[PDB]
Amino acid sequence: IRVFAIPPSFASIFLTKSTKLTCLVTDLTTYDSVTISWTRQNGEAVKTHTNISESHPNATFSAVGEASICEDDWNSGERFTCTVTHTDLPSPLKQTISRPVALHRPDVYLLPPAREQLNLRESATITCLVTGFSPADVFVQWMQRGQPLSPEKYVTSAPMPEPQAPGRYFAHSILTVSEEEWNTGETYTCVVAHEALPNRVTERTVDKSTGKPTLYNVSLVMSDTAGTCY
Amino acid sequence: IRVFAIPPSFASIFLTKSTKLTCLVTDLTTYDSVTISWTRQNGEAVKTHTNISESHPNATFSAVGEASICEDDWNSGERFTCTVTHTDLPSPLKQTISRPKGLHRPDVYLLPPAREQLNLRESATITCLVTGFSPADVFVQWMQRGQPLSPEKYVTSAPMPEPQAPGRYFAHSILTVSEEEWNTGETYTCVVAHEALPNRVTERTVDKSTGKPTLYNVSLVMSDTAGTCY
Amino acid sequence: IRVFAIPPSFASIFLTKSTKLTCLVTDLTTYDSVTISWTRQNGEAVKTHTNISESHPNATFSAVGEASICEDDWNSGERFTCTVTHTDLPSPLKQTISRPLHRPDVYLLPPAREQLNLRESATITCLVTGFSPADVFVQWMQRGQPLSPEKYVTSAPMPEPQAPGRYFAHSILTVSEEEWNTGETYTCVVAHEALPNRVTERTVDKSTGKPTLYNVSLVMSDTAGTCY
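Residue numbers (the working numbering), protein chains in the order written: chain S, 41 to 270; chain L, 7 to 236; chain Z, 709 to 936.
FYI, nobody ran anything at the bench for these hints, they're computed from the structure.
Mixed in with the good hints there might be a few duds.
DEER-style ranges, computed between Cβ atoms [stated by the list, open to error]:
{"hint": "1", "chain 1": "S", "residue 1": "265", "chain 2": "L", "residue 2": "190", "range": "19 to 29 Å"}
{"hint": "2", "chain 1": "S", "residue 1": "70", "chain 2": "L", "residue 2": "84", "range": "40 to 50 Å"}
{"hint": "3", "chain 1": "L", "residue 1": "84", "chain 2": "Z", "residue 2": "890", "range": "53 to 63 Å"}
Backbone N, C-alpha and C fix where the C-beta goes; we use that ideal spot for every residue, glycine too.
Using the sequences and the accompanying hints, generate a full structural model.
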């Protein structure tokens with residue numbers, strides 16, 4: 041006999057360009073004549089729900105209230121309530137979405153695979169370490185010459201609360217590039233989506249030759265006439 | 007009595023992040039108690055423009071006002087109208103302008119100063135060429151220690167038409183840095199802004215080491231037996 | 709009413725050493741009997757300003773002086789006062805133009821390595837730095853042979869960021885990156901007035917630039933002091 045409330049979040053924001061306000065109906069059996077709609081801080085007209093669904097297989101019903109709004113509507117820090125009057129509860133039922141803060145910029149890093157991995161010659165793993173930032177909800181994606189990989193290609197964490205840097209979060213991601221598939225160039229840019237940056241985004245990349253710093257074979261010779269000039 | 011009217015444009019709506027409608031009313035008869043409005047095509051109670059401009063002191067008239075929108079509005083492509091009349095003119099200065107739909111993705115290259123500049127001992131100049139992009143309207147900013155430099159430190163071009171491939175543009179920017187500072191560290195990466203990047207932002211970087219390891223092959227010979235060759 | 713006078717430009721001056729000045733008259737009354745007469749600072753007449761022009765597309769007869777003078781006769785502030793009398797002007801309208809420093813610095817950056825992986829566009833950059841004054845002309849030379857003027861694209865001398873008043877401009881040019889195997893160093897010929905011979909050519913090729921394979925080879929001996 042409750043209604044969850046779904047505010048927009050940067051996963052939906054960035055990954056869709058379709059800032060989203062949502063609250064669905066759960067915990068209640070197969071129902072109709074129920075109304076779902078959205079209201080603002082000052083409570084005015086929105087686009088109505090779509091995506092009608094069946095009943096859940098556990099003796100309850102499924103239906104979702106959805107629409108799209110302007111981004112600054114959330115970014116201006118306002119209350120947003122979806123208004124519903126249940127058939128079992130003629131009294132008003134209200135669920136609210138809103139945003140609160142200090143901020144910290146991520147400094148995305150990147151470490152090439154361990155040489156130990158590059159001795160069985162099957163797979164190489166890359167660690168798009170992300171850290172030192174606030175607030176949370178960082179999405180991260182991996183470019184490859186302007187081509188985003190699928191999120192299924194790689195894996196990532198959730199924002200783990202940072203032990204030392206107090207009000208800060210961090211996460212990770214990995215991807216199992218195979219041996220030759222790292223051994224041929226293919227810089228694999230790693231791009232980070234957050235809100236603590238001037239243009240809100242950053243990206244970094246690596247290859248074999250991120251280091252390799254000036255290897256150079258000195259040679260000293262005497263007493264060995266080679267029959268060649270100098 | 008021409009009236010300026012700037013449509014929203016990316017170099018602004020990213021610099022600003024505050025997409026807005028701005029009709030500059032000039033060359034109209036120099037009066038006050040003017041009648042000025044900003045509207046949509048169907049022209050609802052559209053937010054008229056606040057922060058009007060004062061009279062032009064040079065025996066001309068000057069007036070302008072910003073009207074904020076949501077960017078997806080301009081994305082729809084339907085026109086937006088600055089409806090302005092005068093005490094003299096009953097017919098409003100109807101302002102029906104829309105960017106036409108349809109576009110090429112750039113690909114930045116950052117260029118390091120050749121050795122010549124460095125030997126001069128004073129200053130080093132770095133350039134990231136921007137190419138291949140259509141349409142126009144690209145911002146370019148250069149970014150260092152994760153903080154934005156300021157425009158007076160680096161000059162920037164204006165969007166130019168390319169010579170060969172018709173539907174393409176290109177541009178430039180120029181940085182002036184002291185020599186040692188480029189023998190010191192910081193990367194001097196560059197950020198751009200274009201409406202066809204998948205992330206709508208891309209970035210490159212350099213440094214003294216951005217080249218290649220440069221294998222030495224010193225071969226000090228100190229015998230007195232093998233000879234040289236003319 | 710638009711009557712502007714064109715001072716000479718070091719482009720044409722470099723072209724044929726033929727400093728020229730024109731004060732064209734446009735959008736005046738549509739009548740024939742248009743006279744062109746230029747004067748030095750003594751007021752004396754000028755050379756063969758000729759080649760009459762027809763009415764403009766906006767239906768106004770077009771005329772312009774064709775005044776050749778000496779390069780030396782330009783360097784002391786000679787208000788080149790040109791008069792044109794016309795039917796509409798019992799008071800003919802006069803026009804004048806006259807003569808109103810820092811060394812340039814030219815470099816030629818090669819393309820980018822990542823440019824040289826797309827495998828079509830071989831960009832090349834010539835350049836000029838911190839000079840006064842403007843009006844400088846630039847062009848690119850390939851084996852004593854000037855390139856296609858459209859092949860490159862020229863900037864204009866926008867002012868310096870931090871210098872007091874100096875100027876700088878640019879120019880860029882593309883070729884097949886397959887060509888960036890013969891190279892031929894694509895000499896960019898700057899052309900500025902404030903040069904000892906008014907040209908400070910510089911050029912760059914693949915073999916130029918930076919190698920990443922040295923092999924220094926010092927030798928050491930008493931059998932020296934000679935430099936064969």
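These are the hints, each one checked on the structure:
no.	hint	in the structure
1	265/S x 190/L: 19 to 29 Å	violated (47 Å)
2	70/S x 84/L: 40 to 50 Å	holds (42 Å)
3	84/L x 890/Z: 53 to 63 Å	holds (54 Å)
In this structure, only the earlier hint numbered 1 is contradicted, and the remaining ones agree with it.
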